[PDB]
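Visitor: So you can see what is in the structure, the chains are spelled out below.
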Amino acid sequence: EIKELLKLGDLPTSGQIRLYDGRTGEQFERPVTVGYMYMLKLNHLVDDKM
Amino acid sequence: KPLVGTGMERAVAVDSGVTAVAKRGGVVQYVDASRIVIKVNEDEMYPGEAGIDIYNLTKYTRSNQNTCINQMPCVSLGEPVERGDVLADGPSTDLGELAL
Amino acid sequence: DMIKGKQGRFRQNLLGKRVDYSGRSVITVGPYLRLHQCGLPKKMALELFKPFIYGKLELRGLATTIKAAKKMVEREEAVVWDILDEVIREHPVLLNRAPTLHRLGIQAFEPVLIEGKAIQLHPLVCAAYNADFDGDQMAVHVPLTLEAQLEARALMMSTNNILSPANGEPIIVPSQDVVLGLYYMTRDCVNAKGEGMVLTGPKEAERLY
Amino acid sequence: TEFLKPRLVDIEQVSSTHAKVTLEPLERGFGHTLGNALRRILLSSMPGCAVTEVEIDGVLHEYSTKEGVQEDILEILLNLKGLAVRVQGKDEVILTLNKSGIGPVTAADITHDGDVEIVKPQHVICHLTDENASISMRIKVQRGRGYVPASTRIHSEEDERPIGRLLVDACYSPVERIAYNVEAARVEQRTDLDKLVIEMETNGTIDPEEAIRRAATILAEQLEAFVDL
Amino acid sequence: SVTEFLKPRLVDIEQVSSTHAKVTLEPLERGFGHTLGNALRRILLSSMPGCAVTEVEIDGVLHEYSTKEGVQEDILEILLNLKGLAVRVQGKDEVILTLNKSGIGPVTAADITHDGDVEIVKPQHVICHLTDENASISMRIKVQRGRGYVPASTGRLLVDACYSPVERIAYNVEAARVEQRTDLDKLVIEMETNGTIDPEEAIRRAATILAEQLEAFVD
Amino acid sequence: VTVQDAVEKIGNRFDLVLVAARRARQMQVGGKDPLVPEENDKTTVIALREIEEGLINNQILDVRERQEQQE
RNA sequence: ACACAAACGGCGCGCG
Ligand SMILES: [Mg+2]
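Chains as they are written, first to last, in the deposited numbering: chain S, 1194 to 1243; chain W, 697 to 796; chain P, 329 to 537; chain F, 6 to 234; chain G, 4 to 157, 169 to 233; chain A, 4 to 74.
Accuracy of the hints is not assured; some may be wrong.
[Stated by the list, open to error] With a cut-off of at most 25 Å between alpha-carbon atoms, the simulated DSS-like pairs for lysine-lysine come out as follows:
no.	chain 1	residue 1	chain 2	residue 2
1	G	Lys200	P	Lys445
2	P	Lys384	P	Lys370
3	P	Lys371	P	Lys395
4	A	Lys45	P	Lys370
5	P	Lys445	S	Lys1234
6	S	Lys1242	P	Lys378
7	W	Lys755	S	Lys1234
8	W	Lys697	W	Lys755
9	P	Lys398	P	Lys384
10	F	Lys86	W	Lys755
11	F	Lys86	F	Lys125
12	A	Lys35	A	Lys45
13	G	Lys86	G	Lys104
14	S	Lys1242	P	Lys371
15	P	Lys384	A	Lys35
16	P	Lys531	G	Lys145
17	S	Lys1242	P	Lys345
18	P	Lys370	S	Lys1242
To be clear, the hints were calculated from the coordinates, so they are not data collected in a lab.
Work out the full structure: start from the sequences and follow the hints.
Guide: Laid out in structure tokens, this is it:
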């Protein structure tokens, strides 16, 4: 089902993409995993502990 | 909101009680980001009763862990609502969907 | 009760005690750092060396008195930072994770100053410290006297402690990421772009790649 | 010395905010070389026109409420931060927006002046939700490059910040999107001559051609330093 | 300031060897170091104009691994050995060179049949070792002027078109404090060249080439 | 600097530090200016450098102090 | 007069 959705999307069924170094503009070797993930912040930020 | 959810997002927000709920089938007429007031359908309007329900949103207030709990509206004047509908979002919520 | 047991004076006070000129921070990895170096935040550094700063200020003569010196430090003025750099120019410092496993658990470092608030550690060393960056905190202490400074530099300094004492074997063996990249580099491909040429030496090899 | 000098051979306002541009002819590998540098320079170096001030009709802090409005004050700041404008021949200016009665608000409502430019009048501003409700706010604009946090700004200013003046972070960059492609196009009726295409998305505040030429000029400044040995 | 950027007051000339001078720049606007380092790096290996040596016409040796007597190293190695040669040719776009030596001895670039309008970085460079007193070898070799570098992907032997007189470049980017902030970068560069053009002077040329391109877009 | 070499000259880790500190306080407040050149280092390093050369040593230090007492 | 500043002992929850 995920593969079909990717095809319905705009990406290869593998989900991995090539990328380029923002410093040098040259391409990284072979595709890599690129994705969208849900990320949370924990109530332990540094300034409250240092 | 969370993109890849599990299906608990609506339920948790509602039972948490941090979000406001439509106690009666009604339509909305007011907004101040501090209060919300609802005009209720006749079938739930009581014979010696106003026919309207008003709510006061809790605003910036320190939590037990020193964090604000301010509620926010998610509706507009004249907008309909079923009884039990989500009236106002709270912290980490949107449209009554749990959003950490 | 005040004497006996875990709460007794022996454990409570004598064999372990709170110490001034100390601080705790959250850890981070600085790839740019050399093995002997460590990065620490300016905020902690400014506090930690106040007695040193006052001396340099009065050696500079800029501060009429201690209170004046303290008053200037409140400014956090540029000159303060200039003096702080001079003071910290080579002063060793002590970093320890908790609970310590062994004497390798505590080692000395030379500091560099950072704008943020985390304390930066060399990746190769942290492994010996068993540091995992999932949120580990770390404590810092400064040796004051001449004797301690030489003690810290002579023994505790990281360059000295490449060998484990439980076994005369390198504890410095590279990280997961560092080793893998080299592993990938050292592997061979049966056929590849540019394969089959003759090169005079690494110099052109780097250029060709 | 066989180099043919590239030129900004064509420009395209494919959209009122999105643009295309191409450079040609380019020597071997230079397209990648220039492409990377120009991308890097544009994102960092471009000079921006951005807003950082809010003066309001009586609230005293970011967390204050407001009568007869759909949203809280702080959310207003986020919308304003999103808002962008271009200013003609000026370094800073103050703008004001006044509305009354039940209605939603848009950038067009601002007290616009001919020497100021609003890139998207349709941009959304917070709404009014009472007949007697009214808003009358004032905002200041500045020219800058890069980004600045609000706290750092006031500490640099060090003059008294009166109550009722609210602080927001400056995000100057007129543009944030870069894609560039190198292709082979025919010059010298032969192969091994390169063609470069750039495309970007903007808040509309600058002309794309000015962007590349201004950026290239900036890069020349740093490059010239290497002759100073 | 709105359209002004910090520039480096650069001081470092450390020629640990004349063939490579260590140089350093400071201060630079945040992030420019990677931009400048990458740009110059790409310029130096790819773009440099230079002369390269690529030819061998030799008796009986059809290909690089066909071999002949009188010399203690294979043709394959010899082709490698001569590639290390570096030479400056004045004006001419290509030049053809001849070598001829005999007897048990090592052979140097000095032995080359030369014009005098051409110069060697290391006349002492050795490209042969001879096995026996009767052993003697002679061949024709070519020098060609060209921009950049190419491998030998282009009855006679040929080798890479390595015009660029340089093969090393390492650039480093680390910060240094201004009186009130430490977000600015240093640039530290090391590179190595055969010495036809000593490293430092070539760097200014590298900047020159880039400047020529940007000048078209000047405002 | 990191020594890992001067210890060979004196032959002991502990003696290295002990002897070095003895010399260090001389240049710190005791006078007797550094023998090795100065590179805006600190006396701990400066004295450390002196032993790193093998220039200073305990036996020399013992000679230095006793001969100095004089009148 | 050129000088001190706000912790004693428990409980719960979390942290590596
Ligand atoms: Mg951990």
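Visitor: Look at each hint and say if it fits the structure.
Guide: Do the hints match the structure? See the list:
Proximity of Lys200 (chain G) to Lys445 (chain P) is assessed by CA-CA distance (about 22 Å); at most 25 Å being required, the pair is judged to hold. Under the criterion of a C-alpha separation no larger than 25 Å, the hint pairing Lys384 (chain P) with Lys370 (chain P) is consistent with the structure, at around 18 Å. Restraint check for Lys371 (chain P) and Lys395 (chain P): satisfied, since their Cα atoms lie roughly 20 Å apart, inside the 25 Å limit. For a cut-off of 25 Å, the pair hint linking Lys45 (chain A) to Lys370 (chain P) stands: about 21 Å separates their Cα positions.
At most 25 Å may separate the alpha-carbon atoms for a hinted pair to count; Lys445 (chain P) and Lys1234 (chain S) meet this at roughly 18 Å. For the proposed pair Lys1242 (chain S) and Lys378 (chain P), the alpha carbon gap of about 21 Å is at most 25 Å, so the pair holds. Straight-line distance between C-alpha atoms of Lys755 (chain W) and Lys1234 (chain S) comes to about 22 Å, which keeps the hinted pair within the 25 Å bound. Of the supplied pair hints, the one linking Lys697 (chain W) and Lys755 (chain W) holds, its CA atoms being roughly 21 Å apart against a limit of 25 Å.
At roughly 12 Å between alpha-carbon atoms, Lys398 (chain P) and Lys384 (chain P) fall within 25 Å of each other, so this suggested pair holds. At roughly 23 Å between alpha-carbon atoms, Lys86 (chain F) and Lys755 (chain W) fall within 25 Å of each other, so this suggested pair holds. For the proposed pair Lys86 (chain F) and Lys125 (chain F), the alpha carbon gap of about 14 Å is at most 25 Å, so the pair holds. With a C-alpha separation of about 15 Å, the suggested pairing of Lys35 (chain A) with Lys45 (chain A) holds against the 25 Å cut-off.
Note on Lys86 (chain G) and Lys104 (chain G): the hinted pairing holds, with a Cα-Cα distance of about 19 Å set against a maximum of 25 Å. Restraint check for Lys1242 (chain S) and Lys371 (chain P): satisfied, since their Cα atoms lie roughly 13 Å apart, inside the 25 Å limit. About 21 Å separates the Cα atoms of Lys384 (chain P) and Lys35 (chain A), which keeps this hinted pair within 25 Å; it holds. Proximity of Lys531 (chain P) to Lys145 (chain G) is assessed by CA-CA distance (about 23 Å); at most 25 Å being required, the pair is judged to hold.
Of the supplied pair hints, the one linking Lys1242 (chain S) and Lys345 (chain P) holds, its CA atoms being roughly 21 Å apart against a limit of 25 Å. Under the criterion of a C-alpha separation no larger than 25 Å, the hint pairing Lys370 (chain P) with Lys1242 (chain S) is consistent with the structure, at around 16 Å.
In summary, the structure agrees with every hint in the numbered list given earlier.
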